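Participant: Here are the chains, one letter per residue:
There are 2 protein chains.
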Amino acid sequence: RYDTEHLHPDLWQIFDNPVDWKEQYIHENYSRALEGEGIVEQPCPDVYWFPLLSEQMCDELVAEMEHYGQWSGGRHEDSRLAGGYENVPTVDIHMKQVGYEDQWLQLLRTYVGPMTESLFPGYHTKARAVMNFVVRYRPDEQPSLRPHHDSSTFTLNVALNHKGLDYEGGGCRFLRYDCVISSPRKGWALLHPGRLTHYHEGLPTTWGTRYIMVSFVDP
Amino acid sequence: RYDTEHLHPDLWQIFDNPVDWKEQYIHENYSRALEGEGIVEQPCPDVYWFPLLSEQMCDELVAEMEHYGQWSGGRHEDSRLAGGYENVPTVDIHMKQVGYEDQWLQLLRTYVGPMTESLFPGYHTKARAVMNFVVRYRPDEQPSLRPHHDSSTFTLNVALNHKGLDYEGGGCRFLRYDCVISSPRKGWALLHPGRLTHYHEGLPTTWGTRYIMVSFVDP
Ligand SMILES: *[C@@H]1O[C@H](CO)[C@@H](O)[C@H](O)[C@H]1NC(C)=O
Ligand SMILES: *[C@@H]1O[C@H](CO)[C@@H](O)[C@H](O)[C@H]1NC(C)=O
Ligand SMILES: O=C(O)CCC(=O)C(=O)O
Ligand SMILES: O=C(O)CCC(=O)C(=O)O
Ligand SMILES: [Fe+2]
Ligand SMILES: [Fe+2]
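Chains as they are written, first to last, in the entry's author numbering: chain A, 520 to 738; chain B, 520 to 738.
Hints were generated in silico from the structure; no laboratory data involved.
In this text, a Cβ means the ideal position worked out from N, Cα and C, and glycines have one as well.
It cannot be assumed that every hint is accurate.
Over the 12 Å line for every Cβ pair with chain A, so calculated as not near, a few chain B residues [what the hints assert, rightly or not]:
1. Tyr549
2. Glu574
3. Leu694
Covered stretches of chain B, as calculated for chain A (at least 3 residues, CB under 8 Å) [unchecked claim]:
4. 601-612
5. 634-641
6. 666-680
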């Protein structure tokens, strides 16, 4: 079965041919990082930086999302939320409306779980996520977020476009540690707990346009 | 109204006469530690050490606990748990048996809450807890625990007697930082997240008997 009603219908082949899917899409530095020869960085305590996605994932994903185009979100209330009251709103496209959510849960189950289990010894996961979306920061649509906290055990944060060549801005800002992340990488991911210890704030974009993928796993 | 069918009935006066209850039982230095002129210590990353209970409350609580006698617990399976299986058993007296549950929840709601809201800015608590007990460590019946995690946002650890004078043992040992807590004080408290980034293990006791008090707040 190979449906062709997509710009890149190959992206749906995660179930059918997982090995070639990983070969094409997953960043080539992932396996070496997982087996433990460095690569991963700890810019701040209890924060880790390991590369996950290759450029093809990034460009094809932004292509698909821009093909959808419908940039909902921004209002403090919500209908996608059962409670109907977002703590902070963002202009977002959730994976539920695109139909890609199941593949994303499969990706989180297979290629992120082991990384966290090896990074935090003694922690056991099943990689359950309910809220997952891609956020766009534009200097005119929406500024960066206010300081807040995340309703999940830890949050997976992945960039989607190259800083400088397309946009200029900043990354995260950890208040309690005076930590600033200033140069996000295109193919890397950020892992940090977001319930109690880490009060984080978003740095403001100045020129260009940036895309960020965020997921809440283990709520 | 006054119930005199207790060894120390004044312990149950946290609802009628809050001010005198606080003046007699709560450690005197609590207010100073709350308003922020030191005292509160951070021996290891994201762990805190501030005084909560004075000597009178500790001694009376210990005596009232030992009066009950039935130091149950020890089997891997459980009857006090809805699921019916402990991950790790320890000799404990759940407060629900002795009736002190409501007053303990009141104490957590009144005194701990503001203190933990001050320590971690941007966090809002309701001090709702389900698991709360007192564990007796003894070199004869049960030594210390295997390394593990906790099923709560953060845990409160309070000692109930003096080190060296009545027991010789050890505190906690944090695996991911190589942190050792050498000398617990009598009435002080220990706060630390207990789900993701604190893989802690308790040291074993060799001489005499020691008491600690735990509460898994914010399930
Ligand atoms: C993968 O890591 C190696 C380490 O030497 C590096 O040479 C290579 O450029 C990396 N691949 C990338 C960044 O796509
Ligand atoms: C409370 O702190 C003061 C600090 O000046 C100290 O003098 C006093 O002994 C403390 N109370 C105790 C340890 O019970
Ligand atoms: O959109 C969100 O609320 C999560 C993203 C966030 O706060 C962050 O990127 O740190
Ligand atoms: O037995 C337990 O789980 C409570 C005791 C504990 O975790 C500790 O001693 O730190
Ligand atoms: Fe966040
Ligand atoms: Fe514990």
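Participant: All the hints need checking, so say for each whether the structure fits it.
Facilitator: Hint check results:
1. Chain A leaves B/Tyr549 outside its interface by the beta-carbon criterion, the shortest separation being 22 Å against a cut-off of 12 Å.
2. For B/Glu574, the shortest C-beta to C-beta distance to chain A comes to about 31 Å, beyond the 12 Å cut-off, and the non-interface label holds.
3. The beta carbon of B/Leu694 is not kept farther than 12 Å from every beta carbon of chain A, the shortest such distance being approximately 7 Å.
4. Counting residues of the segment 601-612 of chain B whose beta carbon lies closer than 8 Å to any beta carbon of chain A gives 0, which falls short of the minimum of three for the stated coverage.
5. A count of 3 residues in the segment 634-641 of chain B with a Cβ less than 8 Å from any Cβ of chain A is obtained; the coverage claim is therefore met, three being the minimum.
6. Look at the segment 666-680 of chain B against chain A: 5 of its residues bring a Cβ nearer than 8 Å to a Cβ of that chain, three or more, so the hint holds.
When held up to the earlier numbered hints, the structure conflicts with 3, 4 and fits the remainder.
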